[PDB]
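Protein chains: 2
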Amino acid sequence: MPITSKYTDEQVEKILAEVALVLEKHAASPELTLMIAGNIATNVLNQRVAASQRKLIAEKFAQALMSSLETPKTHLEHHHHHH
Amino acid sequence: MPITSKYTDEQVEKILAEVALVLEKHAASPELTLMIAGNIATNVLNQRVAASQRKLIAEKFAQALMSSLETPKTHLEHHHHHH
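These protein sequences, in sequence, are chains B and A.
Residue 27 in PDB author numbering sits at position 27 of the first sequence, and the numbers go up by one each step.
Residue 78 in PDB author numbering sits at position 78 of the second sequence, and the numbers go up by one each step.
Simulated from the structure, these hints should not be mistaken for laboratory data.
Some clues are possibly wrong.
The list treats identical chains as interchangeable, and a pair is accepted whether it falls inside one copy or across any two copies.
Okay, derived cross-link-like pairs now, SDA-like style, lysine to any residue, Cα gap no bigger than 25 Å in a straight line [as the list claims (entries may be wrong)]:
#1 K55 <-> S29
#2 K73 <-> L23
#3 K55 <-> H75
#4 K6 <-> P30
#5 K25 <-> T71
#6 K14 <-> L32
#7 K14 <-> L76
#8 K60 <-> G38
#9 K73 <-> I3
Based on the provided sequences and hints, a complete structural model is requested.
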């Protein structure tokens with residue numbers, strides 16, 4: 001789903017890994033971690049994203065985040081080839 | 001806003017510097033940058049946050065992001081002019 005710019009998938013994973021490494025590198029708490037993500041998006045919306053895209057991409061973000069909000073509620077899925 | 005943080009800004013800022021450094025390091029584009037933040041929040045909402053605390057903390061994050069979304073809010077004028 002190309003709702004976001006098609007960057008290299010493995011690249012995204014590698015970037016996430018290094019970011020998570022920095023979190024571990026400073027023993028970042030869940031709150032601190034999630035607030036750090038907030039700071040990231042904030043800087044995007046401040047000095048990086050388009051003004052016109054700003055509310056749309058933020059809504060897209062929130063909607064995606066809501067649809068990525070999961071729990072151990074999965075019952076009879078197709079395959080556990082997912083993390 | 002002093003919510004969610006409570007942590008030393010010295011600590012937070014230096015972590016942010018290293019986190020953003022990884023993004024600059026890999027020449028992360030705006031959408032990639034913000035999608036990285038999304039994956040971060042998602043991971044937190046999966047493994048780090050509590051189930052009961054999940055939706056609240058997610059809303060908390062979104063609302064904090066909306067308020068950190070700094071578009072031109074209410075340009076002060078003294079004419080009550082129409083256009």
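Quick one: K14 to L32, C-alpha cut-off 25 Å, is that within a copy, between copies, both, or neither?
both (21 Å within a copy, 12 Å between copies)
With identical chains, the pair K60 and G38 could be close in the same copy or across copies; at 25 Å between alpha carbons, which is it: within, between, both, or neither?
Both, since 14 Å and 10 Å are each at most 25 Å.
Between the shortest in-copy and the shortest cross-copy C-alpha distance, which are at most 25 Å for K55 and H75: within, between, both, or neither?
between (34 Å within a copy, 19 Å between copies)
Using 25 Å as the alpha-carbon threshold, which applies to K25 and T71: within, between, both, or neither?
Neither: 27 Å inside a chain and 33 Å across chains, both beyond 25 Å.
Quick one: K55 to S29, C-alpha cut-off 25 Å, is that within a copy, between copies, both, or neither?
between (29 Å within a copy, 18 Å between copies)
Between copies, within a copy, both or neither: which fits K73 and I3 at Cα up to 25 Å?
Result: close within a single copy only, 22 Å intra versus 29 Å inter.
With 25 Å as the alpha-carbon cut-off, assign the pair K73 and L23 to within, between, both or neither.
This pair counts as neither: shortest intra-copy Cα distance 28 Å, inter-copy 33 Å.
State whether the alpha carbon distance between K14 and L76 is at most 25 Å within one copy, between copies, both, or neither.
For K14 and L76, the Cα distance exceeds 25 Å both inside one copy (30 Å) and across copies (44 Å).
Within, between, both or neither, where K6 and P30 count as close if Cα-Cα is 25 Å or less:
between (28 Å within a copy, 12 Å between copies)
Against the hints set out earlier in the document, violations occur for numbers 2, 5, 7.
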